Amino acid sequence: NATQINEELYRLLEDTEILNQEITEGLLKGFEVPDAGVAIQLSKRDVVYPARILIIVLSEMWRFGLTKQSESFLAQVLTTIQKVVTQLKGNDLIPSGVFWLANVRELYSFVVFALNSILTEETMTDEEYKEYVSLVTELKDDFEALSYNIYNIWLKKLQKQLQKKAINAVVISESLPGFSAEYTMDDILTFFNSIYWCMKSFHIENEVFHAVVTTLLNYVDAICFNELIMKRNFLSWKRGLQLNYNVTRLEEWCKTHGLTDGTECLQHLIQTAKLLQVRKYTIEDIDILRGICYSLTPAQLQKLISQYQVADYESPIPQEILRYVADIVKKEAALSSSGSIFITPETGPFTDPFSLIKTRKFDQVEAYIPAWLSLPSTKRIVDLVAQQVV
């Protein structure tokens, strides 16, 4: 009895109090991320289970012409997903963020699919039709905004977590303990490995990984560089070698995970490590140093060189070199009209990389809802939709 299926479907969708509470509190706030990482063979339906359920429910609302109730249901959904991402923190930050980007991307992708199909096919007034094209068009803009918003909320949280770890790991932690006599580089690699693996396991398009990682490495370069350039009894040949090792490990991680641009992201740190290690004896050494250190200004060069701490049995930086560098800075300043030492960290807002990319092609998928969930009305809707496939 399809009329008995449709009758039960219709009454389940009409009861917004129960259905909305189930969707918002159970499905969305109660989300569980599947285990990701190495040798983990996740199917898409394990990743995007909330989106796929919402897609089944939304479409059944539209099938029954509950167009205004879909609108209020979706308003709650959008609200809830954004709030959920806004509360993300701690060890779950990476997996849970990637999880939500995957799901919002799935939802946006469905809405674009729906809009195209509503515009392209003849199946009922043209005033009902007009308000329906209008609603879906508006839903597309709302999901585009949600995606932009959550990408940005999450990326900022990621930056904050790196602020906290990266400075100790890259700048202060000794790669050679005692050599010049708490987070380490391993924690930084773990962070970036988690981003790589979650994205891989949750089927995130590769352009997104590159955008996230490039934004983050550039941020690391800025904040760590800015801490280093302030240090006055710290910069030495030994610290240069240690920094080279810290930096190089990140640079080689980039190489192996496709990030050809990585070396370019880390240039201020790479070139600082160089400055701290190369000979600084002659005027020629300093002109060579400048070409090597193309990403550093004369004022930056001059701060680093002037704050360099010579070891016992190491030759001082000659005064002639110190004044040569000070007079390159004096010249560059004066060149601003011919005839900051800090790098500004990029805090966004950032372009949503999903927006630059074709949406996912919508193939119909079997009405599935995970067994571990406890959503009575939602599960009944899904079970009923699945019955009318037989």
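Note that the rigid core is defined as the largest set of C-alphas that superpose within 1.5 Å between two forms. Residue numbers count along the first chain shown, from 1. Compared with the form deposited with its partner chain bound:
In a rigid-core overlay of the protein, residue 37 has its C-alpha displaced by at least 2 Å between the two forms.
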Second form
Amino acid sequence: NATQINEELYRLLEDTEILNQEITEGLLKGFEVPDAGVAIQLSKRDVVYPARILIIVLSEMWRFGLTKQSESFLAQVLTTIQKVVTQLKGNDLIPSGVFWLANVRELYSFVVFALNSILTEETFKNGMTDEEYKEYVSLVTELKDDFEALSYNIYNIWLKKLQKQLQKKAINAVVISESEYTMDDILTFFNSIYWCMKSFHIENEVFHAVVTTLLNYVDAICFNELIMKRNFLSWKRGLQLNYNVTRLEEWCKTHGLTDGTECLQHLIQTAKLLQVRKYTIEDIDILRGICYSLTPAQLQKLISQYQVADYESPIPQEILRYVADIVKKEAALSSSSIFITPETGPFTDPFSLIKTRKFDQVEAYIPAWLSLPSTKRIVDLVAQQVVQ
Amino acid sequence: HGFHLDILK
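Same protein, the form deposited with its partner chain bound this time rather than the form solved without its partner chain?
Now the full complex is given, and it begins with the chain already shown.
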């Protein structure tokens, strides 16, 4: 029976015209991201299930020496996976994006395991031609580079898209909102990201990396809106701003993030400036110390646009002259903008800074709701063969 | 000859 079993596998694998059609349409594009909440609990088997499938298929293609097929098979997988991430828009941006980051990482872990195996284990080098060995080692290595170049790509594509969703909500909910977007919408945006990376068994270093990136962006785009705002920067406004940023701080605190304050300093020190005393020269000196992230050209621009209330007394010309006096000295040392250039990419892939998932044997599994005739037949065949 | 890995349970 083992003869007939192996024979059926070959015919299924050799025809990468049917298989490429099933994978791309049914598995990669026909992907169904499970509910991204810890209402229901997801095991790893339900998160990286397409990756586990693509591994089994690729493993058999490598076992029957179908190098010609496995090459064209994966060369479409990469193109299709990246095609999906780029086409991601709307309410699926966060859960689907994370979903593929987990799979690409799962796929990348296997190729690392394969390449590490073929170079360390001699049974491979001893059991094949010097030509064949130099072909596989070059085949798997090229594949590994393509996979880390895929994770790096789909991360930036996804992260640049996250920043686009924020900017629509971030500015209006931080600069304008006062306790049409609110801080509740912003914190909901982060709650979504948090729950996704927890439900999909994502390493918490990636979660730290994503939030850190987004926080510095919100810090930048909101500050650049404030420093151009005129007849707007009042004491009451500065107090309202501090509360909004406080809610962001308290969210980071309660969600395993300790560097959130460091990412929001430009907003924090802006709020502090709009509240602290600015009457005498003595006050400005203390102000320069508190606002250590700001520059004299920024302090001058922020102070001069301060909204003095009906009752409040304006800032003396003696102070303004003293501030501009400091700006004079600062500019001479550099022998020059007031805005903060937001980090819009390219970004370093956080997954590339964590050890690859130590690959262990995979359970032959495929969801019942999926409709992949040839692909399922393969997995079922290897299951019987393993027992034999 | 091929390239055989042991990856299933």
